[PDB]
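Presented below, as structure tokens, is a lone chain in the form deposited without coenzyme A.
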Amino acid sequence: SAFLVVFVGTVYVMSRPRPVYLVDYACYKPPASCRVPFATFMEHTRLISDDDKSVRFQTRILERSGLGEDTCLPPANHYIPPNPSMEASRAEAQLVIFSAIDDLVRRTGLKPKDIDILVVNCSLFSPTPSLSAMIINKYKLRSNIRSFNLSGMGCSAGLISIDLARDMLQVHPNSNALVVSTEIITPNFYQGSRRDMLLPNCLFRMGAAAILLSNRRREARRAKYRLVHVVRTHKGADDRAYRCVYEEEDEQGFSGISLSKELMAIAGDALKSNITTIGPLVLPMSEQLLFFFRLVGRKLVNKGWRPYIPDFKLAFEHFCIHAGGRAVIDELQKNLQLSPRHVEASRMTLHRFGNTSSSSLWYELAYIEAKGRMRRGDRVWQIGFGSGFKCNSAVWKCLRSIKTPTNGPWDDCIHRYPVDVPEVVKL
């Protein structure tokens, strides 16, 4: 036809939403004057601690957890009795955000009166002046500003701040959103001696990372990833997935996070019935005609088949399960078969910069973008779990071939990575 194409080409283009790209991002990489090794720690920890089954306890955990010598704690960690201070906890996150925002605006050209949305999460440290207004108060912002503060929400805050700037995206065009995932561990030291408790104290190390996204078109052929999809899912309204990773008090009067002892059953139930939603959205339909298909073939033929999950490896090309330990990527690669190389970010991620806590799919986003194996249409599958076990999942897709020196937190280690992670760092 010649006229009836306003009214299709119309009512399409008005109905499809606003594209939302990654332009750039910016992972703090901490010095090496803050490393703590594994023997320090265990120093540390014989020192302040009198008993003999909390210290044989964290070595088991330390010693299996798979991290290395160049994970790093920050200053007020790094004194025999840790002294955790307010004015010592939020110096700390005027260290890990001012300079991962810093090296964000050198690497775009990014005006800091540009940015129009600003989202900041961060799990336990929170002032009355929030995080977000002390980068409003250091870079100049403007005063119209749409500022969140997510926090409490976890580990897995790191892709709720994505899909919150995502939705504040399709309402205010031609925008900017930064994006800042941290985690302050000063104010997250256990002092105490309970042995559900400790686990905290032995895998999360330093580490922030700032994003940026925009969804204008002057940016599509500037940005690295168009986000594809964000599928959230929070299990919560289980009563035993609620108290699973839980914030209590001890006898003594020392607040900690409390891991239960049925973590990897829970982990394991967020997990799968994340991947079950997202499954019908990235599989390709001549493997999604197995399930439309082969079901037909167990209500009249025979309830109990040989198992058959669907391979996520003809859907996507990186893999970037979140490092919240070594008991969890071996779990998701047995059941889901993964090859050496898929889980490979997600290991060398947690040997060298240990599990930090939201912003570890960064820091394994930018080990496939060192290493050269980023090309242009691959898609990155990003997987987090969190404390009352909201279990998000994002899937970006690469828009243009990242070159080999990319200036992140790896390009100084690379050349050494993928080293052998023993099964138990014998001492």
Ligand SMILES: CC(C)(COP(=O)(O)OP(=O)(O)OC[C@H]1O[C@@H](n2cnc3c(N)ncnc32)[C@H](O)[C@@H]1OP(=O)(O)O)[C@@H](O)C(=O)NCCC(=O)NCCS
The other form holds:
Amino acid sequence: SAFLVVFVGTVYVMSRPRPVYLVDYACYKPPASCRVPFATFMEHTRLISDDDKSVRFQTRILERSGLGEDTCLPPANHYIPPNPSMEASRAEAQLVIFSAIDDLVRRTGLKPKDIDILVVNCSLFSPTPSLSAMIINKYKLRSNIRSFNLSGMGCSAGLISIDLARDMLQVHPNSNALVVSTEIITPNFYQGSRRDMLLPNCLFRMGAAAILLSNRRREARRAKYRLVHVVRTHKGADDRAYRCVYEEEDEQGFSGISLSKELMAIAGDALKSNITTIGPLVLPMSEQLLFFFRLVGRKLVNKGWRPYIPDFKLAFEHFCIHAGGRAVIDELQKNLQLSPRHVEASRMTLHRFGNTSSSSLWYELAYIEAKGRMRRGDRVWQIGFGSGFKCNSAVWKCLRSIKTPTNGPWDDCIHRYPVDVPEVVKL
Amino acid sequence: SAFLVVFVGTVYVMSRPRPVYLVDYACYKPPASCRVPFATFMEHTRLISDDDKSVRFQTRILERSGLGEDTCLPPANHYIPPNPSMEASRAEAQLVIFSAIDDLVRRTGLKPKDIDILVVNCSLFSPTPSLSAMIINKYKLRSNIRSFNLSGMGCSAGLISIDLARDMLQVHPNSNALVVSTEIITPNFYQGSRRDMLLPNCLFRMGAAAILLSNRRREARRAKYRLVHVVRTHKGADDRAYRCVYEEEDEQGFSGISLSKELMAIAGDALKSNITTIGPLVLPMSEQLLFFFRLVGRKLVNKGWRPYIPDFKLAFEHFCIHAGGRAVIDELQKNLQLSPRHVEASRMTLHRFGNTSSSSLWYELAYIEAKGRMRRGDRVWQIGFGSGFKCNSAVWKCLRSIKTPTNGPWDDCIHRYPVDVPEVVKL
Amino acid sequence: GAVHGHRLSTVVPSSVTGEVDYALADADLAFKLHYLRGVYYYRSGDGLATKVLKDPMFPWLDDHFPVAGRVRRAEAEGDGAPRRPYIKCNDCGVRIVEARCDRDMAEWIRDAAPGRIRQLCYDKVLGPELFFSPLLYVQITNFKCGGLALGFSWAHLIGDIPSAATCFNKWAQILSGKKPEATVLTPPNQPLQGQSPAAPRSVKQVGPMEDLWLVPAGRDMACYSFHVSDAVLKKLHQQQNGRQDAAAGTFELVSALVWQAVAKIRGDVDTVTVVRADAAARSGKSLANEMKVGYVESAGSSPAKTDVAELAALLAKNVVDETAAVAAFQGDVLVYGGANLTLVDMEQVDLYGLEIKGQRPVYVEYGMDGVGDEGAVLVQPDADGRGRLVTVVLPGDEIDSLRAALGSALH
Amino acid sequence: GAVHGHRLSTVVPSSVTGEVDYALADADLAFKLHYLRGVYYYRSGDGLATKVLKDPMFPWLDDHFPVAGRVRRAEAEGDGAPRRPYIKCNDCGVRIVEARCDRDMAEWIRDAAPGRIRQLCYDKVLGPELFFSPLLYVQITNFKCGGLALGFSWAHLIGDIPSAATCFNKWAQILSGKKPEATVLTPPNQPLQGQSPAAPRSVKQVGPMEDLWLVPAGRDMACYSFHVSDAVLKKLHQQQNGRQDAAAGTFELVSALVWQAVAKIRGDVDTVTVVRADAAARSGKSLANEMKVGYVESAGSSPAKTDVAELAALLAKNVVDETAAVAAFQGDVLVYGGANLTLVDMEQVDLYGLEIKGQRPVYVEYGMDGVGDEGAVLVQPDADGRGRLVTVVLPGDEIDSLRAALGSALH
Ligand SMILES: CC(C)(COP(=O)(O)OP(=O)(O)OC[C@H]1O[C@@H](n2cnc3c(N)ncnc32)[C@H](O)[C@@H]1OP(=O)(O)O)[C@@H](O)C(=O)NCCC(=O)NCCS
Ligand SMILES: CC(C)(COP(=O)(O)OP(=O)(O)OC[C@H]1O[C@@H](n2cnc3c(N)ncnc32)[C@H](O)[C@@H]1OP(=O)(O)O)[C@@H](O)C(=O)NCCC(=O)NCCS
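Next up, can you give the form deposited with coenzyme A bound of this protein, since the form deposited without coenzyme A came first?
Then the entire complex follows, led off by the chain already shown.
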């Protein structure tokens, strides 16, 4: 009988998960009519605050912060003082979202009445109706759409939305998922003078990304990347790592995110708690067995040998570290012994666009596409960390080699990158 | 041979969707020290607003609102004027959540490390870190937990969280999902004087619900309900339905929820558009075939005969209409021709607890459990409508008959219910 | 050095009472224009934040639900020439003001300026919004040293001074963990066929005001407090020698001393009324103005040049009680200084029974608002019960002159 | 009545200039204490909300990127007693003030009160925080009638009046849809090797100010606007009869008229300097102070009774040029009203060249700021281009006395 290979056949086929295909993505490029240089940010800072202590602190952070002169702020943070309302922030949410979905619909030929899943994430801004019902109102999407709005999940809810759409792309077949991941920074501006609450003022800039995911087998030739692994690490069980990035109100009654002094060590022990749950997945077998043989050597000789970190350079070709700050990137480059070419997307996205959103990963992916370095068969790693210290990760695999004219957010300035980013900025 | 029944056997079994059981649920019962009657609500309105136009409106609303005398506001709206800060609202989120999960953990024997999916929703309040990260920090949940915070989706996100925990449990086998549906109404208090933004002040009261869903085969002898259908209808593509419930800012700069004037003409047509996409699922064949045999009778004879409405009294036995206001329940009793016994759960939930949250359906389910009317094999309908006019519905089926002492949120007052709820409160 | 940060709140009954009409008695409406202003000082307020002082008020207001009610008005039989009020027992609550002071509490106890009771307890009445005016207010101040001053603003409409002091004892007992006595309020009051056309000589029928149950000041009434020691009433006992004694030495000579003090500053102080706060006349002690209103005439001896023991014997054994005539009168009464100077004998009440945990109060004084145009004194026991405490509410012009005309006998 | 609702903003260059040390000429450092206050009125501002006026400022500012710079100070080679400033070309930007006024604009144009430019453009200077002071302020006020008044506050350090007016016209050409000319700034201005230790006669050197580049007033300087017509031009043109005509009557007759008018209010006005804004001496007009500064002594005789034709013939052809020594002089020279009265001749500039859509301005008046204790007049073309318009800047007590002296000759 020939019915012994069909039971290791069709039973195995019906136990395999559906593939999730990144069709394309359209990162919002902000105009030069909304840029904020270093000097006008300093001049706006020492014009609404009388003390010569909270201007001399932002002057040091924005000097040693790795941001550039092309970083953009909404059309309410240009006034002296800023006047953030709910009608000047929702109008900024109709600008970064809608002009990023319009950059995606025209470049893929996507029809709006064939969107089945919609997942929007924005950390602070969450109006009523949400940022998903706004998109359903704008593009007239269907009445049986699966809309979600992951709000409050920090600057790492891009990959949470990726995992959410992926785990919705396994239950529903032949469907497309629109993932929008922005950060409306008009109400994300702290007004007072607390020194731990003035870091989102000096880092958070404009940015958006619209992602189109699908599980259709027809899209195997049009897609750019296939999603392989998503690995989530919520380190919120610790009490230090929960109230590290933490939104409060100060004594004057001004809301704002407050970054603790031990933000770096809390991060670096949440990155490596995510590395040891992705190392068994993505490393080669030789590096895993060598790490196990050098791990059992500190069990019988001496309690603690030298710590053998596995080489992730032989497991990935592209590293997309979320551009949080300059000090956060070069300590992750310090850990995994990454080359300056590996962290080049994360440095130049911090220089060009600043710490935009949770969607800094997509500007970094558009940088390593727009340089023409994205060959097919290459492996992408997107390390994204945020508030509650969720440190999510994602692994993509390139399907087709991407052409050099990308029509993304880097096109007018890709021939002036990389730049020598100094330690300090002269002022 | 013998392979003639295997390929129509175990091939169909691997295509069968995983069942999702409602194990148990714990509604939050607010203490009687936080109750707000009609009279002290009126005396608190005419002490902070000197205009007797936004007070004579509150009189008529709270008179013909159907809210009783035991409805509860948090310990910040009891002050004259209210002082809603972030600390007074975050510490009120730690009261209604952590004493609704503790009522669920102590009644199910649930371990914190046996939680794999956490879906929290709360429309207006969305701090940073999220309300799910607060639960993960307090109860010390795992590091690899699927945590989602659906903020901004209005009063109908109580079933969006149910559908999300349904779809997450199809991908992950043998897992327990936790669903927390709240409304932290300390920042949801309108501080101004516009008439349209004053209706959430009269109706929104305290409440919560902590739901335990699982897909394990062992949770079929202990569980109460099995999830049959979840039907979502998003009428947000219309411009009248999108901006009907809208979070505006008034002329003085006070945020709040601005209900439009045609609230009932949209909520009656975003709901009768949800009846037609649930009719084929839940009705018997003897109702469906008679319905379209009468619908073909108005196709060739004349342009519309007398419209026969399908009996949902023959399709269900228990109805949990969302307790938004009194004017929605009495018209859904008019269309669907329900008995006063069928709409008794929603009227007594509106009378006892008020328009609580997205989780008023769980207080209605606790009402029809606590009276002992929930037998085995009874079908429950949970209609829920919100902002963006998502109008989600859900169909359950009872697996074991529920005893009369249920130790839920109704125990001290279930022997005095139902009460005659008058049209106008005589004052 | 004043109080600030008046955070208002509301505590309600913990259970729904339904539609109840607590019908007020005739003596309830005869005393509606007056307001008890009572504060209770404490040497320490540790562990007494304003949630553990508010949480016993929810079971306390279950037994005293007409205190959390509001005044309404019914309709008369024919044409509406009367309109009998009643306390509608909706759970409308009582105000909880949470103030704080930066001055030292003990140096504010040692004070002569009459501004203690006006500051430390919340000064509202059954005001212009009569249908939305609370019948009780609590002010909870915290001092720099750490003292506590629970100040009660009681309305004399719903209950009198024993029914206020014992009602506060019934909350302090729940706060102390004890179980208080179950208060009756069960026999409903009924209107008596009175109309009393013979007007009392203790009253002054004011105009029938509509929605402001507070006869205005005119003068500048202020609440000055002074403590009298135990040795001074011994000096009040060494004057009545050679004759019989019918004066109750705990109150009567203490009233006659301040009567003699006022009878050196004001000339026409001839007729003087008393309101007996008797415990034996508490027939069905539920919540009711069971005071005994009586006036005293001095027909032969003028009180300006007469000894204090003679005025004591004149006021004690020669009284004309008219406590039913003031009840049967048709409202708008103002007995606390209508025609005569009033003397209140509220010494029998358990005034220092406000044990919070085990803490006896260190100073308890009462004052009145809506006092009439002649004044009032308020005798009350001190902490040890040996001497007395008299808070006199004068028109304000006679306060500093009383400091000279009274300090000779005290010294 | 007054302007209100000042909503400040900032527009930046559209492209990053990098680090650029735009060096300043010596003529640029001479005029660093004065400030151009020039408003441009409009009959209608429809289709001119403050986004369509602000978006063309970004392709205008990268054309003129030292306007958006900030002043710094380099370190000297030897001892640091001089320290030459330089406009560091960080894109700090210029201010945009978006105010409004509820007054009718046509009545305010025809107002004889001297406070009009003080309100309509932003009164700021290179202030005490010198390293963060904007070099240009646009004030966009909207009127109740529907008008518009672009108020440009220009620092005289970076460029002079032709170099301000043509720069604003270069902005309006980008705003309308035209293409502006090649805005050269390519030859770097270098410090010339001349010390000139003797002070020029046209100036008065003020003290070595450190970080406030503005001389304190002392008096109460104000700017009064009076329109002089071409009929008054032809009236004074019939006064040099019987003589050769070398006085260019487009400017010289009006300046002689105001000199004769001020020579009955001030006695010692015998030596008056003239800042000549010649268009033939603009050797490579990029952004530069290519004025012509020269003092004129009135031949010993007094101008108190000297005729305006004799004053015209005395002031036109007899000018002692000092524009090569006022630049080479070192430190705080105060040209505009230091030691002599100044008569600026800014009439040849394209002042009504602010074509926004097709809209000629209805009225353009320029004022100054930081004018010293001697005064300043400012001729400029009016709306028809035939007559003149003078904004005279006096101490303020000479304003109303000039109204009595000049009203008969203007008539
Ligand atoms: C500022 C940043 C660049 C790191 O510090 P740095 O500027 O590189 O280097 P410094 O050594 O100057 O940082 C320490 C200085 O800043 C202050 N500082 C830095 N982080 C601070 C914090 N969280 N709270 C208070 N002060 C802080 C220190 O007080 C010191 O200033 P001080 O002289 O007053 O003590 C910044 O990127 C960072 O701290 N991390 C950003 C991470 C982030 O934003 N995460 C969000 C996730 S998307
Ligand atoms: C509150 C409720 C009882 C309506 O009360 P009602 O007795 O029907 O009151 P009416 O609207 O007829 O009263 C008349 C007044 O209502 C006002 N009004 C009612 N709804 C209004 C709205 N959404 N916006 C503004 N005004 C409104 C009118 O301005 C009118 O003013 P008037 O006093 O001059 O007449 C209830 O039926 C309701 O409004 N539904 C809302 C349900 C809800 O909030 N949804 C929950 C989830 S969204």
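Residue numbers count along the first chain shown, from 1. We call the rigid core the largest set of C-alpha positions that still match within 1.5 Å between the two forms.
Asker: Can you spot, among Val171, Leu295, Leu281, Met86, the one with a CA shift of 2 Å or more between these two forms after core superposition?
Answerer: Comparing both forms, the shifted residue turns out to be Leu295.
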